[PDB]
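Structure record follows, encoded as structure tokens.
Left out: one protein chain. Kept in place: all the others.
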Amino acid sequence: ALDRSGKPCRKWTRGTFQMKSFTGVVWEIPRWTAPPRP
Amino acid sequence: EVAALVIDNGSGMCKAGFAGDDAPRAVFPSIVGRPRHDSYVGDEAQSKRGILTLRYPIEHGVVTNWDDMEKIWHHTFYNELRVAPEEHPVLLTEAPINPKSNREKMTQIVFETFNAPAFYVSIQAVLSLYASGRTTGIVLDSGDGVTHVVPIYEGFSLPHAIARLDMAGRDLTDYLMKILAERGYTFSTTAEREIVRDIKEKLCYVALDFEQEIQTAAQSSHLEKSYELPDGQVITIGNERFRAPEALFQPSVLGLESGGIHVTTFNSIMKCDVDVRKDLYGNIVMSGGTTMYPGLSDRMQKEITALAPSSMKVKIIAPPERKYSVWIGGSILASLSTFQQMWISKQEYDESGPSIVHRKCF
Amino acid sequence: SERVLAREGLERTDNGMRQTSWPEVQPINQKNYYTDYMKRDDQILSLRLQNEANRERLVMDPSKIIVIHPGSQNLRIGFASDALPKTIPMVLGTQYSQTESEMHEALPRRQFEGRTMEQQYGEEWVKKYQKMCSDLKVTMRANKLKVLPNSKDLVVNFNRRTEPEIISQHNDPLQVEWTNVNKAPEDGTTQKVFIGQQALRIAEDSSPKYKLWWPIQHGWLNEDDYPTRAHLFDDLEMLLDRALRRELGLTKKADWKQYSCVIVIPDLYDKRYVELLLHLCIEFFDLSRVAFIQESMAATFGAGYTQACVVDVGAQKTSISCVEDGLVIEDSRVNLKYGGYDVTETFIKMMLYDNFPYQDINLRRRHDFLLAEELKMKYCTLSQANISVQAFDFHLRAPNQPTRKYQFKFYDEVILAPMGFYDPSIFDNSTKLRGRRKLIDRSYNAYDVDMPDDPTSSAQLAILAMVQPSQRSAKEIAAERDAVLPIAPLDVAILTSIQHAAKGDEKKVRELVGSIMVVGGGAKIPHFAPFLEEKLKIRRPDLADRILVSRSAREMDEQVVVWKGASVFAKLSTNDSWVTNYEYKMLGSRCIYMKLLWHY
Amino acid sequence: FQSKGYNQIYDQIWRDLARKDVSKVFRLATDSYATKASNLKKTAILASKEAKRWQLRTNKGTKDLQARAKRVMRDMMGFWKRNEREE
Partner (left out) sequence: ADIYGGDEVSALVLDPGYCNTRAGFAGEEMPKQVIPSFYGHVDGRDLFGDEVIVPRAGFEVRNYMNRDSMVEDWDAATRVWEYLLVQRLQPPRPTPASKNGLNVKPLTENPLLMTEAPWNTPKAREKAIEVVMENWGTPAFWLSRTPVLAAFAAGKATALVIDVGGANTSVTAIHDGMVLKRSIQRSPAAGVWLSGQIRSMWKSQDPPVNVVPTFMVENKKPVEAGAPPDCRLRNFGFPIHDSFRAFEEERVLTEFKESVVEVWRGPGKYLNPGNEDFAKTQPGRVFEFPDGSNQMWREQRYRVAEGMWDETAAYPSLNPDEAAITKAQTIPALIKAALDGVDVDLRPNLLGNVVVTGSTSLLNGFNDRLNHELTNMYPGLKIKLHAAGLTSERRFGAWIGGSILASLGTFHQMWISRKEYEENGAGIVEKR
């Protein structure tokens, strides 16, 4: 089906994600993030 | 059940309306105004231009200010179509080879700002091909802001073979003002640009042999058509009638270093697979407002025949509805029962975020 | 091992990623599908706007409707409120390097300085003129009319032994007025161009030099005479612009947006000509609406007939169509490339052969054209009882040269030129097809760009098959038919058109044959309807009890029955066939398919 | 970097990447492309039929057009029965 009765979607925002090389160096990639849904 | 909205935004004119209709309900300039020292859209912004700074949010077919773009969509739903988006699926269109970041950004705005229950993005040229009644071809799409050539085989475009002549409707208006200034009329004001656009869309045509029309234009009482300004005074334009559209075939006259539309079309066919090329020459399709000049198809048939091999069967398709082929292809798509199982649902947006559009819209 | 790698800080890692980002597309189910596209009239712009208009009406001024009937000699134009059209020659004069007379061989065609008259006129034509003479003699002898054996000899000897009289400028009963090409126009426009009667009366030797352009000939766009499609379209636009300014007095162009237009088209139209006319009206003139009606439909609407076989004889075309229940019967349409202009040229050629005094006559020269039309309207006749050696005179008036009077005699040239409609090989058909698709191609489907979309009829193919007995594609078949000029005797064309209309139903043949209606100026020859009824009766002796041919309807001029019918079609409330300005700006020629009252 | 430990890790990552991941993701990608191309082809066949269908003549279309034409013609007979009686 389509919508319930409107009601908003959860907001997405450009955050940052820490990720790691096999030689242990840590770097940041920009990534979409949302607050945790109950 | 309710119809989807089909929205076809453009550097010049927004088109909007309900899927299943054969024509838009609404067409208005893609213009927004803010106070110089509240905001306005389309012809209300044109009317009040004295107290506004006026801007186009779409440039060369790509969205370049998302603040102004959001005002245009707000106007389209609530003032033009008189519908709440929360009830209706939305089919949007995008320019060939536009950036991946922009597909995400429009996907966010329909779900977070309009609460569209379901949504799709579609490549303009491919919509125009469906409208033209075929599955394979090459689309010359030429509007206000950009001219693209787009090869398509069995419903799938070939993006490496897409070529982009960075010159179209607005460049020809500015050129027509320059050569009418060389005939002694005065044109350098936004009111005067809207006058010269109205001259171009009535009096201009494409010569079948440009050097022979230059040769014969020296004396013809038939050629020198005339036009009455809003002021009531009268102007008379002659060789300027066919000199303006010649800039599509010779962009040198307009002072830019590029192949014209016939050469760029040949080049796009010659970047495709050898077994595909017969089917591309047999199906050259013309789309967008700048393809409406009288005699254009006849010059394309002659110009592409000079480049192509003598064994090829070149055919130009230019139907009557071709200034709205992109909208019409949208309407047809979004009215198929198959579209219900092709759109991004707002549940998929809740779980996957803006990047869902790359997984689901090709 | 592992803890030494961890001590060096080296460790392989998922980074919490999935195996791959590579997109996994699900297959679309395409079974049991349906569509919602153009399924309801509210979704079709043309029909939505009509429903909105019908509501706005229920919840139009004839003086605001222009009625246009273009042609190869004459344009007829007026408001639907007018009792009668304004008629002008459909011709345009512009400044040029050369006159129409300088660019081409003289008419009628003669091989000047040939060995003998048999070559000069052409041996086939001379044999056919002699055949027609002998057949007329046998016919009127069988009817027991007088035939003096020396009748042609008296004519030839008198014409050969006669010379003109020069008349003093004031003793001439009619001082000619030539068009002053130097004079500034006063119709809200600046270009010194002339239309209609003013253009024909431009002197051949005016100080700035003028050429006359006829944008329509043989009943289709005159591509032969034009160098480009742009020039031809610029002239049909210029002619109709000046006709609205000069015949209808619509001097202020800004006000034209409030007028609508009814255009009369041929029953075998060219879709490119229909689409040119709709584009002139809505893009160049900006009229509010346009509607189209076919010549045969408009003819019956002039009369007030439900069911009729319409014969329309013109300057350059003759058309036959049956009409019934509001529709032209699509298979019945025949369209022949001769008319009353052929009768003018054939009369002049027959008289020139019979030593007619003014041997230097050339129908490409404007005063000679007007003289030949005037001679033909006075003397040519299909009443056989009128015939004897007759003696008359005409004044040759020519620019900057004194009036000359010629006495001349004639005997049968006056009947044999008309009788060409029953042996049309006597007409000069040699150049009619020259230029036929030189600038404007055949109509092809908007989508299926290989398939011809121009109309066809069983009857017109049956006529082409008489001229030339006729795997090939649709373009090859079309191009093969386009090479054949449709020429048939008028009695054979009528009976074949009706036979196709009735599709072998003898009872519809009997109805249509009792309902033949003649219109157009070429039919305006004396005794034409009686002559045509006699010719049909000897070709179908079974139908002689019921063949009935009538000239015009409700006491109108043959030349205006069609315009009167078009003006009724403008007025009547049930007509929803209008293409509105806005529909056309959205969808162009596509809205014709939606709104016309026949399958376009 | 210049040690048997580093060399072993680097080689062991590439061995698993080449043997396990590249072989799986190539099969997924080749099947995915075949689904995408199939989806698009059949959709373009439906959308192109719809674009042309307004042109196809039908029982209903022809009878409604015969009815339009017959009403207009009866209104023209009405027109004369008034004017030819009132004149």
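Note that the chains are named A, B, C and D in the order they appear, and that numbering of residues resets to 1 at the start of each chain.
One rule holds in what follows: a contact is a pair of C-beta atoms (placed from the backbone, for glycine too) under 8 Å apart; a residue touches a chain by one contact, two chains touch by 3 or more.
Peer 1: Given the contact definition stated above, which residue among B:39, B:65 or B:337 touches the chain not shown here?
Peer 2: In the complete complex, the chain left out is touched by residue B:65.
Peer 1: Taking the full complex into account, find the residue in B:41, B:163 or B:223 that is in contact with the omitted chain.
Peer 2: Checking the options B:41, B:163 or B:223, the one contacting the hidden chain is B:163.
Peer 1: Looking at B:3, B:5, B:6 or B:31, which residue reaches the missing chain?
Peer 2: The single option touching the absent chain is B:31.
Peer 1: Considering the entire assembly, which residues of chain C contact the chain that has been omitted?
Peer 2: 12-15, 17-23
Peer 1: Residue by residue, what part of chain B touches the chain that was omitted?
Peer 2: Here the touching residues of chain B are 31, 49, 53-56, 59-60, 62, 64-65, 97, 99-102, 158-160, 163-165, 170, 174, 189-190, 193, 257-259, 263-264, 267, 270-271, 273-274, 306-307, 309-311, 351-356, 358-359.
Peer 1: Residue-wise, where is chain A in contact with the chain that is not depicted?
Peer 2: Chain A touches the chain not shown through residues 12, 15, 17, 19-23, 25-37.
By our rule, only the chains that are shown with their structure count from here on.
Peer 1: Look at the interfaces A-B and B-C and say which one is made up of more C-beta pairs in contact.
Peer 2: Counting C-beta pairs in contact for A-B and B-C gives the edge to B-C.
Peer 1: Any idea how many Å lie between the Cα centroids of chain B and chain C?
Peer 2: Measuring from centre to centre gives 39 Å for this pair.
Peer 1: Please work out the Cα centroid separation of chain C and chain D, and write it as a whole number of Å.
Peer 2: Spacing between the chain centres: roughly 44 Å.
Peer 1: Would you please write down the residue numbers of chain C that are in contact with two or more other chains?
Peer 2: Each of 10-12, 23-25, 28, 30, 33, 35, 37-38, 447 in chain C touches at least two other chains.
Peer 1: Would you please write down the residue numbers of chain A that are in contact with two or more other chains?
Peer 2: As it turns out, chain A has residues touching two or more other chains at 22-23.
Peer 1: In the complex, go through chain D and note every residue touching chain C.
Peer 2: Interface residues on chain D, with respect to chain C: 3, 5-6, 8-9, 12-13, 21, 24-25, 28-29, 32, 35-36, 38-39, 42-43, 46, 50-55, 57, 62, 65-66, 68-80, 84.
Peer 1: Touching residues of chain A toward chain C in the complex: what are they?
Peer 2: 19-20, 22-24
Peer 1: For a test of understanding, state which residues of chain B touch chain D in their complex under the given definition.
Peer 2: Its residues touching chain D are 22, 126, 129-135, 154-156, 328-329, 332-333, 335-336, 338, 342, 362.
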